[PDB]
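One chain is shown next in structure tokens, namely the form solved without ajmaline.
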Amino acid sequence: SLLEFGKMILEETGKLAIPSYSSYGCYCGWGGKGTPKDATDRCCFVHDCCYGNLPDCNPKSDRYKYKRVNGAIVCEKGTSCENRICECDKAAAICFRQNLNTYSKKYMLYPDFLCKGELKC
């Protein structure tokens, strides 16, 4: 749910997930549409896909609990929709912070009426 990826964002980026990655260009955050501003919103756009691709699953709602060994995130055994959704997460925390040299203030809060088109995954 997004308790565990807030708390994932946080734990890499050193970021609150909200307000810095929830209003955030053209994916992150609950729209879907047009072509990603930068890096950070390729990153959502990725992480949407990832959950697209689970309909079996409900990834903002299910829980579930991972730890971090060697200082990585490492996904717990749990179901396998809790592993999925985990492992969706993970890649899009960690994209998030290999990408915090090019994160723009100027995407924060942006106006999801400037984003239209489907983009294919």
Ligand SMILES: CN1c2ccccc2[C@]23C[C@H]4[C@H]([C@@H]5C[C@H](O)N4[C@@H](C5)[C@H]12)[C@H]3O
Given for the second form:
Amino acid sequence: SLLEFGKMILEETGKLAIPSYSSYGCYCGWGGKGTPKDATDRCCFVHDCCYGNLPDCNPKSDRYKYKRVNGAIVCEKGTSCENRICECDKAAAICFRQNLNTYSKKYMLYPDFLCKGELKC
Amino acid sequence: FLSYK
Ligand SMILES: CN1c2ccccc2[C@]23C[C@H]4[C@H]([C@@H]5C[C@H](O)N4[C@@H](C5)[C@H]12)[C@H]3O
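Now that we've seen the form solved without ajmaline, could you pull up the form solved in complex with ajmaline?
Okay, now the whole complex, with that chain kicking things off.
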């Protein structure tokens, strides 16, 4: 669920999911359209795609359990959906950590009309 | 707590 995803992001980047990643670029947050503006936006695009592979799951509300082995994120055994949701979130959190250096405040609250194009997962 | 990404 978004409860775990947000704690994961904060632990990983130090930034709060809302509003640092709730309305970033063209894919971080609501909606999905256009060309990812940058690496961080690509992380969200891939994350969106990851959820896309789990049609009969509910990523925003299904809660899962995860632990940290030393710094590593370790998803715990849960239902099939919970396992896959956790793996999708884990990857985005790491992807976010890996691209902090290029995080740009000019992409927060990015207007919709500037998200031009299509991109298949 | 604090996400809707
Ligand atoms: C169909 N699929 C797509 C097909 C073509 C382009 C974009 C998308 C998705 C991926 C991702 C996201 C929402 C939430 C879900 O994780 N996925 C769905 C809807 C869309 C949305 O952006």
